[PDB]
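Asks: In case you want the letters, here they are:
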Amino acid sequence: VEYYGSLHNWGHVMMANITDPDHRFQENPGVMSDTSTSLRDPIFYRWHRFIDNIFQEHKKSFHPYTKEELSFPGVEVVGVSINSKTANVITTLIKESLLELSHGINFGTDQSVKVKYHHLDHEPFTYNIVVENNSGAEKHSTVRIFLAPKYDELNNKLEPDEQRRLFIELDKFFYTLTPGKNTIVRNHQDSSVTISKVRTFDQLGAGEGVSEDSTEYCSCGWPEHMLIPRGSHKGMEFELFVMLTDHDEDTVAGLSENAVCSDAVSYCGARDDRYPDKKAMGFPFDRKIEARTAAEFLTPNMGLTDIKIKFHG
Amino acid sequence: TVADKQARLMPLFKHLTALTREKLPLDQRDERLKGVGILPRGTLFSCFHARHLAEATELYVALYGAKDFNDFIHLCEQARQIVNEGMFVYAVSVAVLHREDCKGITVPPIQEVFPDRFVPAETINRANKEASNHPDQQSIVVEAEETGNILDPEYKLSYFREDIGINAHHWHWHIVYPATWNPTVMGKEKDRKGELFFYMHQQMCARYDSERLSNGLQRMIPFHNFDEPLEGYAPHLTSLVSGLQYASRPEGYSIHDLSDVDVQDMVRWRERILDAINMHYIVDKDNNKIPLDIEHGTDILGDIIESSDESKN
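Going down the list, the sequences are from chains Y and A.
In the UniProt record's numbering, each residue's number is its place in the first sequence (first place is 1) plus 313.
Here the UniProt record's numbering is used: position 39 in the second sequence is 39, and no number is missing along the way.
Any given hint could be a false lead.
Quick partial rundown of chain A residues pointing at chain Y, CB under 10 Å, derived from the structure [said to hold, decoys possible]:
| no. | residue |
| --- | --- |
| 1 | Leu-24 |
| 2 | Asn-128 |
| 3 | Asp-275 |
| 4 | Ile-277 |
| 5 | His-280 |
It should be emphasised that the hints constitute simulated quantities derived from the structure, not laboratory data.
Using N, Cα and C, we set each Cβ at its ideal position, and we do this for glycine too.
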């Protein structure tokens, strides 16, 4: 603690009281001070990228991944398709929502005071992955799905090294494949990254049965509306990456609980449990990629499908 | 007697400047000083600078080495003629303090030896002037207090900063604990000199702060940043020995590298020291680590910071 200090945290503090470092003027800190508010300030990203860089240097020291590490033999990914209103296109729009103030601020006479706000949202979609299981026996695979932008700030260039920073995790799940051709369908709603639902103090006033675990309960998980980027009206092109890995390798053995807060494992982890995936978080993206193009990187158990995200004004 | 010994040493030091004129026709004559013979007489002697300290140390050693008191007087007599006077006073005082022949030999009061350092130039040249103006045995008295517009509130502190006793003490303290002190040569060691270095200076600062508060001024702030410009101060001190005076400094210019050292190096040394404090150990020359023990730690740090000859590295 004393040698290394606490760089990240101090960064928030320093930025937060930039206005009155000395404390003379007696002013409250900015949004950077609070975990609830900090994301709103654009500075947050600048600082976090800085810290991310630190991690990246470490990652850089590690050697790259061989075909051996990546590949899952006998399994071949034939194709992926995303089903929506229009195939391979996801539509995003703005939706109005209301928040009830009454629990937080003194209501007085009023039954409820609600504030209406708008947020980004997207149409529901599903993925269909065709996989060929060459082996004689049934295999178990972890399907990993990521999304990365096709376009750069110059022109269209799928340079996998750069892509590593950009790739966002859509979903991670376990599936069993029989021999022969298999089609695995997964719905966006199921996404491991997102929180399925946060119960309002009102719902909680009654008593439901998602089960009963805690601060993470409905709270944590990334928000569902947020699952994909906004895209543009034109329909921005994004690479859709699906990779299948050997589950036997990926899972850890141990003895933990009943079905608990695991919906949101990708970012949240599991309650009182070890992180369910052996692979480094962000794999295969975490280490440096030698290839000029992403396509070159692909092994047989990987696949890229280009889809479009189009925003609706 | 020892008091007769006083009466000789005091006129040894009385009027330093004019006892120069080396008056030894061949430079080689004092092989005793062939190692030194670098800093001329008129030049100002720096208590801080390493090269100056080295010469001073060399001088003291000769004085310590002196077989007997008589021998001590002799080398001193003759050495004074050739070495810079400031260095000489420094070396002799150290010798008088430590060397067993000298108990009950006080030194000539520093203020009295160099009145010009204690009093302002105006009362130096007024007094000198009165001496010349009218020759007469009669005594001359000059009141140093002056009359002037007192623009800077720092002036209020002058009673403390300018005090004759304080300055004298500081001179003496460095003499009792010289930075150059080599315990092997002397054989004796100064107990906890590093810690004392820390304590004495800390007290001076602490006492200073009490003055500011008494004044209604805020506590002094540390000169943490090398970049910041310094406040100016004009001493109004002359050095009679020559025409020269201590150069004044006005405010408002950032820090400049000297041929001897660059500011960047200073910053380095600080980060170095901070690290050591942090990991709780310092590295010796041997590349061994010594712990900053509770008992030992301040002392070790003091030697390194000052730094003394004692510094582990």
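Asks: Next, verify each hint and record whether it holds.
Replies: Hints, verified against the model:
no., hint, in the structure
1, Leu-24, "violated (58 Å)"
2, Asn-128, "violated (50 Å)"
3, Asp-275, "holds (7 Å)"
4, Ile-277, "holds (8 Å)"
5, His-280, "holds (8 Å)"
Figure legend: structure checked against the earlier numbered hints; hints not met, in rising order: 1, 2.
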